[PDB]
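A lone chain, given as structure tokens: the form deposited without this ligand.
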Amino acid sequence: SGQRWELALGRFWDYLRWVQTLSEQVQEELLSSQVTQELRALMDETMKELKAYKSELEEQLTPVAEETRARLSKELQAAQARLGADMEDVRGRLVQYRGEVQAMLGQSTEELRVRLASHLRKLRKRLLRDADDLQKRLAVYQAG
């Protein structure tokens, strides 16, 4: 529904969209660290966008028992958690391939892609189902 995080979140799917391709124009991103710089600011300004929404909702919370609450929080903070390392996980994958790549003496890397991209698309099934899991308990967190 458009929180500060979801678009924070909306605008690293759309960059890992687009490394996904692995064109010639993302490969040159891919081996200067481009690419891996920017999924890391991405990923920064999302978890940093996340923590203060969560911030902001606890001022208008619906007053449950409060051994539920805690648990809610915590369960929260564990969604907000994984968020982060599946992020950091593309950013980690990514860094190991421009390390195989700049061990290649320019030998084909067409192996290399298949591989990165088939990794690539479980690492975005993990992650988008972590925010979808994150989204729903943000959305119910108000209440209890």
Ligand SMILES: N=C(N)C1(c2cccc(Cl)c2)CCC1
Second form
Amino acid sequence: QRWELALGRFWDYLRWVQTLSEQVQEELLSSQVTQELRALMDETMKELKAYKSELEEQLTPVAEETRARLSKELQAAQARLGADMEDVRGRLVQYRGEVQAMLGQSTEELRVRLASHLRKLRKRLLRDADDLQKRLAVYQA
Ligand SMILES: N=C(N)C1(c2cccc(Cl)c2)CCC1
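For comparison with the form deposited without this ligand, kindly provide the form deposited with this ligand bound.
Entire complex below, previous chain first.
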């Protein structure tokens, strides 16, 4: 699906950031990483919204209160994914500021802690994406 390809581009970019390789460390001190992640996030959410809209052209008819609940649950799962991606962006903005405040000192232990926290944020984003995919897969029925 288009939205899954978009999310995959976000996910591959963030897997690269997770390596904290030399070029990642460079781009993390500019706005480049968080700006490129915002663009990838925005594209994912836009495709998600269009996909839901197109699914609603091919629904199995059910009771109005049942359809309304399923649409609400799907809306909340979309919001969770967007919030996860923002949490990742925000944590990398925080890293930038904490490095500046070190005034040139070693960032090795900042990066160890960032790597650890990024792993947890990414586990959360992955489980929310899998839950959203499952909900979309049964939505039309
Ligand atoms: N095949 C998957 N598990 C999906 C996926 C793909 C890439 C990255 C992520 Cl986080 C999730 C597609 C929606 C769930």
